[PDB]
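In the form solved without the partner chain, a lone chain appears below as C-alpha cells.
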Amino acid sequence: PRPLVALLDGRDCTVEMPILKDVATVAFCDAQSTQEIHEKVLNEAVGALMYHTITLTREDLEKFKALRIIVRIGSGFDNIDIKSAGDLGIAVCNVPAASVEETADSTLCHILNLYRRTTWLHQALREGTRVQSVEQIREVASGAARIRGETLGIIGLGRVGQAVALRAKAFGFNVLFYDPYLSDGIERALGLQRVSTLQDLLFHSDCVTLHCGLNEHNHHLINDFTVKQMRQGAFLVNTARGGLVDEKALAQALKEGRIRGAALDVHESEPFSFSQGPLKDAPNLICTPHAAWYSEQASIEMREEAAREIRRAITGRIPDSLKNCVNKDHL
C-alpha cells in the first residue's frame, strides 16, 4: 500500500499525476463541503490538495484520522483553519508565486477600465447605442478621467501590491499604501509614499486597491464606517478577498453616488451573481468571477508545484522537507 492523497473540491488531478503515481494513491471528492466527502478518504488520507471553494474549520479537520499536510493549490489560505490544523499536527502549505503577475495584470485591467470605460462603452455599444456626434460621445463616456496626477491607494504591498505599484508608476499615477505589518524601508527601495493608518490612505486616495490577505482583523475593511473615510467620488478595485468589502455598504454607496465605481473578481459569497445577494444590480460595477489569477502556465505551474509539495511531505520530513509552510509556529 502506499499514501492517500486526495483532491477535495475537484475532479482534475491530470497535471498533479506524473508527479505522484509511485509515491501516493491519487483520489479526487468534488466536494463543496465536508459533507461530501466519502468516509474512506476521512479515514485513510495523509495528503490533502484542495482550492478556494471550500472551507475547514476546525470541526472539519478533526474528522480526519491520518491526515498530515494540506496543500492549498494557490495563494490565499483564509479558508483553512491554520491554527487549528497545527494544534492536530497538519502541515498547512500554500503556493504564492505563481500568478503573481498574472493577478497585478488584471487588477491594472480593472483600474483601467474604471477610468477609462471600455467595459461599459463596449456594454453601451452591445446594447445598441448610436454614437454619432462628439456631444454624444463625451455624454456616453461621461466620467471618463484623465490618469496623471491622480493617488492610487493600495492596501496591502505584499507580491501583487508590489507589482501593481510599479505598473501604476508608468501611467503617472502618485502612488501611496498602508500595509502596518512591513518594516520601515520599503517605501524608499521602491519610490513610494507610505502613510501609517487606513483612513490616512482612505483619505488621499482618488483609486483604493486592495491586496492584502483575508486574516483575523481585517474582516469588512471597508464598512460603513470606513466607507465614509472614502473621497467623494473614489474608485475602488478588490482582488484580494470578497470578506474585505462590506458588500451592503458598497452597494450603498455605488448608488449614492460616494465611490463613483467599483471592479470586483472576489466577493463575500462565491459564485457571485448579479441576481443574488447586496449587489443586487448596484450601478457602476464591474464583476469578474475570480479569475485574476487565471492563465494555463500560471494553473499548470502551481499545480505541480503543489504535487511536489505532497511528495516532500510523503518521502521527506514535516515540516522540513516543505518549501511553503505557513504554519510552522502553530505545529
Contents of the next structure:
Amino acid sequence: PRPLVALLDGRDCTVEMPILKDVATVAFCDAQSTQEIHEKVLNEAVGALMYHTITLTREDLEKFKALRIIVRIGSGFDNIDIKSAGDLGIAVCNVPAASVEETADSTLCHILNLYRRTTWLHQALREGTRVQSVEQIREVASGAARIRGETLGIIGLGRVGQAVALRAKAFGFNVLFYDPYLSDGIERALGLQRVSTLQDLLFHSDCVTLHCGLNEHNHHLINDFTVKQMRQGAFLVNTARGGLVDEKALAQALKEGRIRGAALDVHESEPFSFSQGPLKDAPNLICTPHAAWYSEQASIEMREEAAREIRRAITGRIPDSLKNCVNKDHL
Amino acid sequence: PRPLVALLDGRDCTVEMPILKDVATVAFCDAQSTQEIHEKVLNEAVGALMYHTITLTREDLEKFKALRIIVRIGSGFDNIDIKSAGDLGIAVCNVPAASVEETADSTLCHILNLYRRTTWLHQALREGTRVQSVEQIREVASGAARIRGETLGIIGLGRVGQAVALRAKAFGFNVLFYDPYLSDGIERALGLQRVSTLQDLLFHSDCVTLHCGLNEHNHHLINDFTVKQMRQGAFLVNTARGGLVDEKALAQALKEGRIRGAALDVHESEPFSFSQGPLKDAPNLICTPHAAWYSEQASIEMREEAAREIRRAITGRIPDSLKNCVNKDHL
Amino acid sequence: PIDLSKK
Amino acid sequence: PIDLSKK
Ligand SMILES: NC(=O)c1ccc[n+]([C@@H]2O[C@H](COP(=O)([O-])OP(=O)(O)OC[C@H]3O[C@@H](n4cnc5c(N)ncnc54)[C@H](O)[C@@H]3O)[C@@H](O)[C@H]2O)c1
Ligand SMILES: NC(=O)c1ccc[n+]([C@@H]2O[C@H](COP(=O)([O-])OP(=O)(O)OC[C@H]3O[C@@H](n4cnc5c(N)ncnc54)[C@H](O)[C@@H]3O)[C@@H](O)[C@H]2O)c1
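Starting from the form solved without the partner chain shown above, please give the structure in the form deposited with the partner chain bound.
All chains and molecules follow, beginning with the one already shown.
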C-alpha cells in the first residue's frame, strides 16, 4: 500500500516525516557501513535517503532489490556511483544548494584564520602564552599578513566557489579561478580573472582554496607534483572533498615550510583525527569536522528538499518528476 | 646639536632609525612602566615615541622637562591625557590609519569564528572529539547559525567601523550603526541603516561589535544595564578598547547565556589571561593578544609614519608642521 | 519512526 | 641604538 523509504546513514526523520507521513513508511538504519543495513531494507525499499558518511559502489547497489531511487541529502554525490546506479535503473538526486552560504562563509573564515591567525592566537593564550610588549605581539602573531593585494586562487567556480569570490573581493583579494568544465564568459559577468590551466593558477596564487566537485579526473589534484607548482609559503583551504588533496604530500609540504599554512574541513579519511594520518604532526594546521555546511536553517532546509524529491518520485514519475536528478542521462 | 627622542615602551628602532639617523639621537627605554624610564630621558628628551602598553597621566607628563612632542605609534591615543598634555605645551600625534584593513579583516574573522564556530571545531578535534555521523556533526557544531539576514550592530562607524560594514554586507549581513559624533548623511553615502541611540541598536542587533574610540563618555559602555538592552543569545565582538566592556557584566552574561558568545582582542586588563579576571570561566569565549592590528606591512608602515611626524617636528614647526596632531586645539 | 537498526 | 634601559 505504502512504499518503503529508509534513512541509510542516520536515525532522525523528524524533518522528513511530515512530508512522507502519508506516502511512505519512513524508517532508519543508521548504517555507518553498507553491510550494517537491515535485511528487509535491502529487500523492500523503493527509495532511500542517505547523507555522505557512506559510499555506494555497484557491488552495493546490486543488493537492493526494490530500490529505484536514492536521494543524497546534500550537494555532494561523489560517494555514490551515479553511473553504475543509473544503469541499474535507480535514479539518484541531490540537494543543489542548501548550504552554499554556510560553506562560503565558513571558507572565508578558514582563510581569515590563516591570514589573521586568530585561531592560533586564542589557542596560544589558552595555554598560558603571556603577551606584554608590542615586541612579543609581533612574535606570537609572527605570520599575520596583509590581505590587500594578495591573489586568491580559486579552483572550481561553482555555487560555493562563486559565493567565495564575492566575499573575497570585499577584503581586497585579487581573485582568479580555474574551472575547465565551466562555460566561457562567466568571468566577465562576475568581473574575475580566469586562468586556463591548474599550473597557471597555482603559479599566480598566494592562497589556494578548493571548491570543485570530486570525480575521476581531479582525484589527488593536489600532489607532490602540483605542490611544486605552488608558491612558497602559499596557503591551502579545502572545504570541498578530502580526496582532492594528498594528505601525505601536504603533510610533507607543511613540515618543509613550502606551505605556510592549511585549513581543512574535509579529509581523505573521515572521521578525522590529529592523532592518526599523515597530518599527525603537521605545522600550521586548522581542521573542522566537515561541518562548514552546518546551520540549523540549512540543515532542515536541505532535508525538507530531499524529502520532497522522495515524494515527487513516489507520487510522480521517474525521472521527469524529479527537479534535481544527476543521472537523467544514464538511464 | 641633535635633539633626543626615546622609544618609551619598546626597544627596536630599526625602522624609525633610517629617518631620524641624522636629525636625532634615537634610544630605547623599554619602560613597561612610567617609572622604569631612564632619568636622563625624562630630563633631555625633546620628543618621544610610544605605543599603547603604557599610559601617561598629567602626573607623569609633568616629569618630562624637555619633552615637547609625543608620537603614538598607532591610531589609539586614549592611554595619553592629550588634554593635560596639550596644556603642558607638549604636542601629541597619532597614526590615523595604518592597520584599518588589518583590524577590519581580523574583526570579521572573529565574527565568523562565532557564527561558524570554526575556532571551537578545531579546538574540539584537537582534544580527541570524534565526529562520525551527521548526527554528531549537528551536536559538536550545535550553535553554527546562518548569517544571511542577521543584523550586524556596529557601534562607531570610523575608519575601521566602515571597513567592517563593507565586508559585512558581503556576507548578507543587515548592517546598522550608531555614532553620535558622526556627521549626518554618511549612512546614505554608504547605504547603511543608522540608529540614533545605543538602546535602539542593541535592540535591533543579533551581533554587536565595538569600533568606537575610548574616551570619558563611552567608558564601560557595555554594562549590566546595557546588556539587558541586548537580545538573547546575541554575539559580542570587541576589537577596539577593553574599557568599552565591563568584563564582569559580560562574564556574567556569558555564563547565564544571555549572550551566545563573545570575541575579544582587547581587554580591560592587558596582558590578558584566561586564568585571572572575570572571564576566568566564561563560556563561548574567543580572545586574541591585541594583535588584530598586526601585519608586517602595517607595522613598518605605521612606524615609518610616526618616524616622519617626529621629524616634521624636529625639522619643522609645532604644530603647523604636523600632519596628524590630536591636540592642535588644546595649545 | 520504525527502528530498522540491525539490533 | 643607545641602551637607555634602566640597567
Ligand atoms: N565541506 C563541506 O561540508 C561541503 C559543503 C558544500 C559542498 N560540499 C563540496 O563542495 C564542493 C563544491 O560544491 P558546489 O555546490 O559549489 O558544486 P558545483 O556547484 O558542483 O561547483 C563545483 C564546480 O567545480 C567545477 N569542477 C569540477 N571538476 C573540476 C576540476 N577537476 N577542476 C576544476 N573545477 C572543477 C565544476 O564545473 C563546478 O562549477 C563539492 O566538492 C562538494 O562535494 C562540501
Ligand atoms: N584591537 C586593536 O588592536 C586596534 C586596531 C585599530 C585601532 N584600535 C582601536 O579601534 C577603535 C576604532 O579605531 P578607528 O581607527 O576606526 O577610529 P576613528 O577612526 O576614531 O573611529 C571611531 C569612531 O567611533 C566614533 N565614536 C567615538 N565615541 C563614540 C561613542 N561613545 N559611541 C559611538 N561611537 C563613538 C567616532 O566618532 C569615530 O567615527 C579605537 O577605539 C582604537 O583605539 C585598536
